[PDB]
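With the hints as extra help, turn the sequences into a complete structure.
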Amino acid sequence: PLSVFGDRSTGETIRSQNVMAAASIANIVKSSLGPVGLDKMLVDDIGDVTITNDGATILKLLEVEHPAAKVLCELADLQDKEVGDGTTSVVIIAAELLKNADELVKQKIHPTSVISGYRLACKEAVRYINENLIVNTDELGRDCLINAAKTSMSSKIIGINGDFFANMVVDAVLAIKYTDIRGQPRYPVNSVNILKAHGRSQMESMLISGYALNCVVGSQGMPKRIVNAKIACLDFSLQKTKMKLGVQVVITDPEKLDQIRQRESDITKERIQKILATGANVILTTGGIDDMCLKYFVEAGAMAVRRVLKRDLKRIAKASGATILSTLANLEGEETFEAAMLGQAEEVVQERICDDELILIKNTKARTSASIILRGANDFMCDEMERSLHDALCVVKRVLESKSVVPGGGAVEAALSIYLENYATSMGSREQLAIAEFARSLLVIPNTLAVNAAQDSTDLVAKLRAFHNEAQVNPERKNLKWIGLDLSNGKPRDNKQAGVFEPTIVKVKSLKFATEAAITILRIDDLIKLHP
Amino acid sequence: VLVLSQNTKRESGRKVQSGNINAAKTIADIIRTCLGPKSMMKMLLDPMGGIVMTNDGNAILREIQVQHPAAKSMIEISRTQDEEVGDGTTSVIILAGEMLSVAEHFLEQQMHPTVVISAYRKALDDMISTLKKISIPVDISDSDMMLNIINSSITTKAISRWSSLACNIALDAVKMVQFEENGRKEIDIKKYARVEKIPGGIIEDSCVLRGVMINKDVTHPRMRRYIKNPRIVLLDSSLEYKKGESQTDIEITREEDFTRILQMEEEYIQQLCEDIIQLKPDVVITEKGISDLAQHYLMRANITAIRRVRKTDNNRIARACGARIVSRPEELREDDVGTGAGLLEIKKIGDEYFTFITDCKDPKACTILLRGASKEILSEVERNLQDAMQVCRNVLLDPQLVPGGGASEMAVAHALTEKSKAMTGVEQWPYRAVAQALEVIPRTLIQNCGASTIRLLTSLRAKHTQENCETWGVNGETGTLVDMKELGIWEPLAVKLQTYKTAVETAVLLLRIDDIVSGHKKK
Amino acid sequence: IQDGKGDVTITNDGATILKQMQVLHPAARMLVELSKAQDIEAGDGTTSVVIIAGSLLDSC
Amino acid sequence: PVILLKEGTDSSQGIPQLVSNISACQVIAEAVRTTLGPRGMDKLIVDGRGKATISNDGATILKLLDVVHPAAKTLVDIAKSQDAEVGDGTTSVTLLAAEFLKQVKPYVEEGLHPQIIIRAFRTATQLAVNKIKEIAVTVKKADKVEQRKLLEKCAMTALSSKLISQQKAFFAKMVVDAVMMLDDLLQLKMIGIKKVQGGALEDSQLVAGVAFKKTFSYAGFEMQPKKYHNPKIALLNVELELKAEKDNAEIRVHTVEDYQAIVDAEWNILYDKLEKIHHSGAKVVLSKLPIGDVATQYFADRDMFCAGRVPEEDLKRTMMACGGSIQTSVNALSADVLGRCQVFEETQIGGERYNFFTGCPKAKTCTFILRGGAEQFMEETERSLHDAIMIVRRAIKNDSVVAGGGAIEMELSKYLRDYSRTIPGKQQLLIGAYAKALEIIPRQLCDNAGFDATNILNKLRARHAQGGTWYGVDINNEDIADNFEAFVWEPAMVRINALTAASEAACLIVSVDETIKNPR
Amino acid sequence: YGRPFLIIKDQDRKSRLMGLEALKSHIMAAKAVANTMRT
Ligand SMILES: Nc1ncnc2c1ncn2[C@@H]1O[C@H](COP(=O)(O)OP(=O)(O)O)[C@@H](O)[C@H]1O
Ligand SMILES: Nc1ncnc2c1ncn2[C@@H]1O[C@H](COP(=O)(O)OP(=O)(O)O)[C@@H](O)[C@H]1O
Ligand SMILES: Nc1ncnc2c1ncn2[C@@H]1O[C@H](COP(=O)(O)OP(=O)(O)O)[C@@H](O)[C@H]1O
Ligand SMILES: [Mg+2]
Ligand SMILES: [Mg+2]
Ligand SMILES: [Mg+2]
Ligand SMILES: [Mg+2]
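Chains as they are written, first to last, in full-length UniProt numbering: chain A, 4 to 535; chain B, 7 to 529; chain C, 61 to 120; chain D, 5 to 524; chain E, 12 to 50.
These are calculated hints, taken from the structure and not from any lab test.
Using N, Cα and C, we set each Cβ at its ideal position, and we do this for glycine too.
Worth double-checking, as some hints may not be accurate.
Stated by the list, open to error - Simulated restraints, written as ranges between beta carbons of each label pair: (1) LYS15(B) / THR426(D): 23 to 31 Å; (2) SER24(B) / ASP382(A): 23 to 31 Å; (3) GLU93(C) / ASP382(A): 54 to 62 Å; (4) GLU492(B) / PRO5(D): 43 to 51 Å; (5) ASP382(A) / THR161(B): 33 to 41 Å.
As the list claims (entries may be wrong) - One-sided and incomplete, this derived list gives chain A residues near chain D with beta-carbon spacing under 10 Å: (6) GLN20; (7) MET23; (8) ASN30; (9) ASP47; (10) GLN110; (11) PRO114; (12) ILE184; (13) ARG185; (14) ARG433; (15) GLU434; (16) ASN450; (17) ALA453; (18) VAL454; (19) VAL464.
To be verified - No farther apart than 27 Å at their CA atoms in a straight line, the calculated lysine-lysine pairs in the DSS-like style are these: (20) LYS109(A) / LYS109(D); (21) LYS249(B) / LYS247(A); (22) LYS102(A) / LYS236(D); (23) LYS180(A) / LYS84(A); (24) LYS199(A) / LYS248(B); (25) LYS199(D) / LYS177(D); (26) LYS532(A) / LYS529(B).
Structure representation (structure tokens):
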């Protein structure tokens with residue numbers, strides 16, 4: 004009966020399949036969570052090595068035909084797009100919550116009560132996070148940012164050499180500082196040009212105070228070092244004149260074709276002379292440049308760069324104070340050019356970086372830019388360093404946007420599990436088991452950390468639970484909730500002093516995403532797969 | 007069928023690291039055949055159908071198709087090392103292989119890779135500090151020292167019998183390549199030293215011409231072929247009547263309009279020719295074609311024209327003579343006329359005309375002419391000359407010298423062993439392990455020379471224990487302990503530093519892989 | 061519900077589930093039109109009407 | 005180069021292999037999860053020939069499944085061992101093993117030593133065995149009817165979750181009388197189980213002698229009386245037909261005189277043997293070898309009954325019931341080697357001819373006549389009868405039974421939880437998990453009828469902590485009651501055997517680290 | 012990666028059903044048999 008033309012399940016089989024798929028997805032990226040984890044490798048069919056361990060990239064480049072797997076992948080992608088850090092911890096927490104809710108579902112419990120208990124526990128945990136906040140302005144500031152950057156870059160390839168990369172990231176963030184409409188200061192990212200070039204080691208990658216273009220010079224006869232130049236940004240191709248489709252040329256007299264052919268170049272010559280009439284030295288053209296314009300720029304003694312990106316031109320005009328002019332027209336009917344909209348730079352020297360040259364722009368007079376030239380072995384290490392630098396920049400931006408630091412290492416999860424366990428005794432209904440399962444689901448982070456560190460897991464868990472239980476009672480010892488956990492010795496250290504420093508908005512968003520994923524999946528009890 | 011992924015193979019654990027170490031050891035054992043002056047040459051067969059007979063470490067590795075990711079990473083780091091400094095392509099691979107082979111002893115002793123990477127970085131920092139401390143300066147004004155350095159650097163290739171001239175050739179090429187434009191920028195590009203390969207003749211006929219050598223011929227036999235002091239000019243635009251991209255049409259209704267247009271075309275051609283012959287030139291070099299009327303006008307004006315040239319050739323000609331390429335004939339001016347010539351003779355090298363621009367005032371671009379047997383010998387000579395030029399450029403960019411062979415390695419090993427006694431904890435065993443891993447180059451040199459390492463190794467180890475005994479190496483020709491100060495073997499410091507940095511980076515990158523995922527089809 | 065092109069849809073309304081089921085029997089192909097008409101007219105109770113119709117046809 | 009092992013050898017690590025083994029063993033528990041409590045059902049297995057196999061016991065289900073997994077074969081082994089030992093709780097041991105595996109799966113995935121888990125399992129099993137032996141509650145001297153009442157109660161308890169649950173009070177007395185009349189060594193092979201097509205469950209009778217199906221007759225079978233008052237049975241073993249003496253013989257006759265002499269002497273020997281068999285005063289002749297038509301016609305003229313092609317088991321049962329002996333030769337037929345009965349008839353039951361030999365005071369065996377369905381029903385009835393017989397035999401050999409239901413498991417879990425609050429370290433978590441896994445019996449018993457298992461388990465835990473020792477579950481009352489007063493008794497050795505088998509299976513599964521497979 | 016493990020012999024050919032659908036199919040088959048053996 005029931006002609007559906009496909010395949011279907013029953014009730015518990017689909018739930019078991021989803022739980023197994025979530026467990027497999029969690030175990031796929033369960034060896035690169037803590038700072039002691041190693042990286043993975045992704046090879047395609049043609050032979051392209053991809054060494055990475057951020058989690059989001061591995062989930063995106065996995066291609067799994069499972070609904071729960073695709074849901075987890077899109078959740079990790081949304082988490083990386085909204086924040087950028089903590090893409091695997093949220094997935095692991097969601098998988099643990101699903102595994103814990105499966106046991107309650109198998110115990111003849113309605114999923115609505117479990118969902119309500121999970122929501123109540125999540126709300127209580129969110130309300131409890133605000134109690135453990137530390138003011139960022141009350142500390143030192145620079146040291147706190149350095150510690151946060153070192154913590155964010157601790158699970159990458161530059162974990163050992165984190166004393167210089169963190170300072171470089173802090174300097175780049177302080178340089179790229181934009182002000183809003185006379186209110187709160189902003190910290191825009193994805194604007195610093197992160198170049199990748201093979202050469203020496205990674206310790207020689209200094210910070211370039213200014214901008215760096217990934218293009219070469221046009222003609223070989225142009226100088227490569229101009230002191231106190233004028234940047235002229237253009238948004239039109241420097242080619243010869245060409246009529247439109249609706250405007251044709253019908254030569255009726257032989258005494259006019261030569262004049263037309265001469266004027267076709269004389270117009271461009273006059274335009275070039277009017278452009279260079281203000282005394283410009285650096286001219287950037289996003290389109291094409293003919294040979295006549297190159298010869299004119301060589302004879303006039305000025306540089307010319309062709310095929311420039313739009314975002315790079317906008318950043319250059321914003322840093323130097325210039326204005327991108329798409330045309331030479333004004334408020335009348337004559338094409339002129341003023342000198343008040345010319346970006347003044349300083350030293351524009353072209354440097355060769357391993358068999359290739361690139362034009363660098365130093366600081367100007369309007370704003371301050373930032374450029375990072377990462378150096379490493381091949382392309383995989385350069386991509387890994389770029390990803391680590393982007394993650395560190397995102398973490399620093401999220402920390403500076405919300406002055407609120409929270410210690411890490413697994414103490415916050417244990418404190419939340421203790422608080423939810425102590426609060427579950429005040430309900431008295433069927434949601435107590437749901438709250439207890441929500442509290443026990445947060446203890447998977449210390450277990451995974453101890454597994455990756457190859458240390459005593461049960462002993463450390465018991466020690467953390469015994470140390471956090473004494474912090475709730477006895478108000479005379481309320482400073483025991485900032486002990487953290489160490490992976491190099493296996494004992495609680497200072498942590499909150501200067502070890503781990505992570506924001507709270509990231510953790511709140513990760514917990515909310517995990518709760519939403521556990522809610523949107525537990526409400527599934529039937530699957531209908533049609534045949535193509 | 008209800009599975010998560012399709013045709014996916016995931017492998018994790020110690021097996022991936024073991025396979026990577028085995029592949030690295032195999033690559034190191036394959037590349038170790040070409041090392042030292044007592045080594046032998048190989049022969050590769052490219053899928054195109056040619057013959058690759060050389061001895062460089064990068065030219066042989068680039069013609070080997072592999073499938074393991076470790077081998078691909080090794081090829082990539084070797085290509086980056088060859089493109090960075092130019093020399094030292096096999097030593098870095100051998101050092102990386104040895105460092106990855108000596109690292110498996112600790113991985114089987116339940117040791118975490120983070121401590122291993124920390125010890126590797128701490129050893130790299132100490133090695134860099136020692137290499138910077140044992141740096142010996144050298145003067146750049148002495149030509150004999152530079153010639154000796156070049157000869158000691160090229161004593162391994164097959165030019166060991168002709169380095170008496172190749173050294174001077176490379177020195178002249180380096181002296182002519184260096185050019186200072188505007189500002190305080192001193193660039194040393196290699197796109198202006200064109201190397202020509204002509205089969206035939208003896209190897210002693212090679213020299214350095216003060217100019218260039220274009221493989222072209224005159225357009226008409228009535229033009230001149232031997233000029234004393236000509237005025238070579240340059241062009242860019244074509245010398246013929248072309249159409250227009252503005253979609254133009256000439257609607258005519260009379261009868262003499264065709265004749266009027268045909269006469270106006272010739273009048274415009276004659277006007278352009280008169281605008282070209284304005285400051286009385288001699289040799290016209292254009293990049294496009296030249297019509298017959300312009301050729302006849304230049305013959306009547308006794309002007310030589312050459313068509314179909316390249317952009318790099320035109321740039322080299324402009325750099326050698328001292329002029330600039332002009333696109334419009336009406337804007338020739340006066341400073342754009344090149345008067346740096348002195349000899350323009352067109353000879354024949356095996357039924358083929360060649361243009362020779364010799365004897366210039368102050369040329370900044372030369373063309374090296376090579377005369378050998380077939381094409382493989384010419385390619386090998388060109389590669390050796392390029393390596394010598396790169397070594398000379400790296401020496402001129404950093405006036406630092408360090409004793410080569412095996413003295414610097416033993417000195418660094420002794421300095422690391424004498425400093426490892428103050429360390430404690432788990433960061434002492436890998437330090438002492440990588441401190442003795444630098445002896446893989448002298449051991450291989452001794453094995454390739456006299457194949458008696460069990461005595462020479464301990465003889466060199468017992469000698470470097472003294473105070474003033476840091477420049478004692480091993481002669482690869484005979485096989486005895488000799489001083490590097492009296493032998494004359496020297497090497498730059500930047501090349502060794504780059505080699506060490508690349509080896510350490512490759513070891514760090516390869517010591518952090520424990521998972522292999524293949525079967526996702528990229529997209 | 062998973063279609064042939066690979067689109068996974070999760071819905072709780074009976075009308076959408078019946079439309080995405082894609083049946084082949086006329087007795088089942090009339091119920092989807094009935095649910096569509098009920099959702100167009102009223103909007104709610106798209107599953108109660110189908111249950112009532114099935115119960116009546118079973119009691120018949 | 006040359007490979008090490010054979011090309012095509014599958015290998016595995018440790019933690020993933022153990023996880024896969026646990027996941028594979030968790031599926032076997034779902035096959036015998038519904039067949040447990042009284043409200044449970046049964047399964048239907050179809051082989052490759054098209055024959056249905058309906059059986060509620062988990063042993064037959066596991067045997068008809070044909071599992072090829074190396075880790076899933078541990079449940080079949082312990083199931084067969086439990087069926088051969090006592091033959092009762094075949095699914096409880098598998099459920100307990102699956103619960104222990106599911107409880108230790110997180111402890112294994114976290115990173116614990118398997119030796120500590122094995123030691124904890126052994127200690128918990130020893131403690132449970134000691135506690136069960138302590139609270140065994142046995143008697144030393146009882147009345148004559150008290151033992152029969154206990155046997156009937158045990159039979160009714162064992163036949164509660166079977167197919168003949170509606171007639172559990174009728175088969176109890178039958179199996180009691182069958183086991184009580186089984187000599188002293190308890191010979192299970194002496195009980196005959198016959199299946200005749202036709203009749204209902206109430207038409208099943210239990211005879212006090214022997215009964216077998218009618219063999220192939222000849223032409224002189226309807227000429228002899230089929231009813232005798234006090235006859236004499238003579239169990240023989242020689243062929244009664246006209247045939248040659250030996251297969252390796254040769255007669256070289258001369259003339260027709262010796263030929264006719266031998267021809268007459270053959271019939272003379274035949275008649276002498278038939279008279280020697282008849283001179284013993286017998287009336288019923290039973291032999292394993294087929295009887296010819298000559299002897300059948302000779303025995304019908306003297307009003308005597310005869311039947312050939314008697315099986316060995318039927319002949320042995322008849323000899324043990326009457327009190328005769330297997331006589332090979334007919335030259336020593338006295339009076340102490342002949343059987344004796346009180347009545348012998350031959351009626352038509354289900355369209356088949358059957359013989360009865362009831363009325364033997366010195367009999368030590370019986371024969372069961374199971375009716376009902378056709379094949380599957382009769383097989384299930386025979387399985388239930390065998391299970392009840394084994395339960396009664398165990399209750400006789402051990403005379404130690406405890407309260408049934410989920411009271412013993414709850415008491416053991418409470419004792420293990422109370423004992424876990426003394427030994428510190430990591431040993432407390434393992435004992436706690438072992439105690440929590442023991443509560444899967446009442447949950448599965450209450451979930452088979454659609455009841456709130458959580459509230460019932462909480463009430464049972466509260467009653468066990470507030471005391472209130474033999475408090476179990478209830479199906480008809482939809483609550484909890486005292487199983488010791490509800491006439492629910494089960495053998496205590498069955499629980500010990502199941503616990504030991506589950507512990508051994510768990511230890512063997514945990515001890516598995518690397519699995520190596522070979523082609524073909 | 013959850014690799015499927017082989018449990019029952021020839022699992023890619025046999026089919027397993029729950030229980031309610033099997034009971035409904037058996038009831039429908041019995042009703043059809045009774046309707047056929049009714050005239
Ligand atoms: N230096 C450190 N000391 C202690 N714990 C750390 C350190 N670095 C990272 N961690 C822990 O590792 C976990 C994962 O951090 P991270 O790698 O930034 O996120 P993800 O694993 O999602 O990429 C965090 O919960 C944090 O507690
Ligand atoms: N004549 C020589 N005397 C001493 N050492 C030498 C001599 N020739 C080569 N070597 C040493 O052998 C090493 C290998 O050099 P070579 O094979 O020419 O290039 P690569 O360094 O790329 O292998 C060098 O580091 C050099 O110090
Ligand atoms: N009348 C009853 N009252 C209480 N419990 C019962 C009753 N009948 C069976 N049980 C319980 O059901 C469980 C299953 O017993 P049974 O089906 O006879 O064998 P198995 O344990 O092999 O399934 C037993 O553990 C027993 O405690
Ligand atoms: Mg991170
Ligand atoms: Mg060399
Ligand atoms: Mg509604
Ligand atoms: Mg039983």
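Status of each hint after checking the structure:
1. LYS15(B) / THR426(D): 23 to 31 Å: violated (51 Å)
2. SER24(B) / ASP382(A): 23 to 31 Å: Check passed, 25 Å falls within 23 to 31 Å.
3. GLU93(C) / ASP382(A): 54 to 62 Å: holds (59 Å)
4. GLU492(B) / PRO5(D): 43 to 51 Å: holds (48 Å)
5. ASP382(A) / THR161(B): 33 to 41 Å: Given a distance of about 35 Å, which is inside 33 to 41 Å, the answer is holds.
6. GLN20: Not OK, violated: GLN20(A) not within 10 Å of chain D, min 12 Å.
7. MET23: At about 8 Å, which falls below the 10 Å cut-off, the nearest Cβ of chain D leaves the hint on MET23(A) intact, so it holds.
8. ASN30: Holds, because the Cβ-Cβ distance from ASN30(A) to chain D comes to roughly 9 Å (cut-off 10 Å).
9. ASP47: Where the cut-off is 10 Å and the nearest Cβ of chain D is about 25 Å from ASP47(A), the hint is violated.
10. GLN110: Because about 7 Å separates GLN110(A) from the closest Cβ in chain D, which is inside the 10 Å limit, the hint holds.
11. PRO114: This hint is violated: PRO114(A) lies away from chain D, its Cβ roughly 15 Å from the closest one there, beyond 10 Å.
12. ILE184: Violated, because the Cβ-Cβ distance from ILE184(A) to chain D comes to roughly 53 Å (cut-off 10 Å).
13. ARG185: violated (55 Å)
14. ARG433: This interface hint holds because 9 Å falls under the 10 Å limit.
15. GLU434: Status violated, d = 13 Å.
16. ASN450: At 6 Å from the nearest chain D Cβ, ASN450(A) passes the 10 Å test, so the hint holds.
17. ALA453: Since the shortest Cβ distance to chain D is 7 Å, the answer is holds.
18. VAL454: Nearest chain D Cβ about 6 Å off; hint holds.
19. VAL464: holds (8 Å)
20. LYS109(A) / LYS109(D): Holds, because 17 Å separates the two Cα atoms, which is no more than 27 Å.
21. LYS249(B) / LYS247(A): holds (17 Å)
22. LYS102(A) / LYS236(D): violated (76 Å)
23. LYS180(A) / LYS84(A): holds (21 Å)
24. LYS199(A) / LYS248(B): violated (45 Å)
25. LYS199(D) / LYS177(D): holds (20 Å)
26. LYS532(A) / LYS529(B): Measuring from Cα to Cα gives roughly 24 Å; hence the hint holds.
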